[PDB]
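Here we start with a single chain on its own, the form solved without the ligand, put down as structure tokens.
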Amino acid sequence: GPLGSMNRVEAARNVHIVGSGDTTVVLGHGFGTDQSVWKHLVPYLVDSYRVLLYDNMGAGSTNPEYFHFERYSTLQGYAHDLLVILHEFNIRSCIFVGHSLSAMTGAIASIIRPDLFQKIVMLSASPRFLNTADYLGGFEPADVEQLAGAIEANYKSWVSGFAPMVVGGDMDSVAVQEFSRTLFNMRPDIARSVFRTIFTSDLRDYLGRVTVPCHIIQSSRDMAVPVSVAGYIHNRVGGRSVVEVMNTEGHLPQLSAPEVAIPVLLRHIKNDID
């Protein structure tokens, strides 16, 4: 076009910067939401930190200028793309806050460029949802197939079932409406392919290679993440770590229980493991 080079990758990530400081906080979001999931955290960071937010896992893919690039077929490709973001935006070190599988994309990226990560703060993280005989991820095959439900048959129907289950609490809540809203900003074919990536991804083998400090935070009552997952990550990471299980419900507690989750997140961002 006449305004310049069509930068479609740039458009998919939608990198936004707010605040200022010597340290950059990078905020990654989980499947079904976008950078707006951090609306209650960001106002309490901007005084002290530069904050970089970006979108991923097919977020905002109904925007007709969004293209689902081939890199986005795997979580490793998301990790690669995160490293490119860090390079392009001149991040020499950062505090990486990753919600859900973005905690793992951050972890994978940190194995490659540990120099770029001061620490990882994981929120509602899992290295794998599907159970094995020896690993409790929280899902049997029947659960995965139920949760998938009408995702490609009837997206609109699936979303009304999916959103309240993941978020927890009541259907009419601002959080469920927000999650539903962001789910509708996803092209249904892209939501389907990312859903399948999410539920077939097994990142447990990466954990031992992680060396940067990891703060491991989750809700006690998360339908997607048993309480034992936090301890699993804690026992297997290769560097310093700490766990904080919050007396909250839901997979998106930063959106649905900010009164409890925000103060916990801020403590883990601002204070280092000794």
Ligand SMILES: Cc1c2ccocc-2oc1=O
The other form holds:
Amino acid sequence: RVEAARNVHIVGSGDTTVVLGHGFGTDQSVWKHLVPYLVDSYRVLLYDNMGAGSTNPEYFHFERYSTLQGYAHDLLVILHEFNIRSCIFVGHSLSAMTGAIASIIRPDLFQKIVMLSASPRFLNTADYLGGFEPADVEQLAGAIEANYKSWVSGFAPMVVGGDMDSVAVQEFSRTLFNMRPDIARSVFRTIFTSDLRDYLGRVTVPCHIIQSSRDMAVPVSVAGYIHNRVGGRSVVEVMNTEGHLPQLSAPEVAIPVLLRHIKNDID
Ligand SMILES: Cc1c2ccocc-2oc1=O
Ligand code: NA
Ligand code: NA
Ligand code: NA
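Return the form deposited with the ligand bound of this protein as a structure block, the form solved without the ligand having already been given.
Every chain and every other molecule in the complex is listed next, the one we just looked at coming first.
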């Protein structure tokens, strides 16, 4: 059941639905410090993607999940099946891009996109700074197929930032361990070999572009890159936070920023 893989969950109520997408290695629980502050005003729809929960027996890695375009298509199917009208889409990490891709096809279904820790491409070119040289990609991949357990122990603190002991690193490690290792590797490869830069000018719905100032995976210049290239309205806010999952690791800072961008129009 594709429904089992997505694990769509709804909470809250209101005239507007907020759809929350998550990044690689985590799941919808990454939004645990945001949801309490939305449910009074919004219906909230959460879903799992990018291989999350694939240690569940009922999980099957459908063919559509071979590409980020397939995830974008699947998001559109979710919006259809849950009768979504003009959602506020909040995408962490690559789900910002699957949301953006989807919004080019059904802009009528998106009131806005709020991007958190988004990047259209991690690998550098001669002319584009994504934050990774080839050596960096190969070193981050590390033991992902040799020894999944070892890989997680190194990957999780690097991505989350701060220090290995933090609850956020523990949480990210927990969700990584709810991924089947083969799926983690294939999705990791999909992501690092995807290049979404060409889509940006086709995006027309308003984009609120939020990131940590100190994110190992997303140089500060990436927020500006997106801002300069999208085809509709946009705004940038770079937070004084570290790490790729600041909604989990620095909620005291990140949650009020997210709420302001959810609740208020540009501009
Ligand atoms: C694969 C991958 C990542 C690796 C490191 O940092 C953030 C990432 O987000 C992703 O989707
Ligand atoms: Na697949
Ligand atoms: Na379906
Ligand atoms: Na608004």
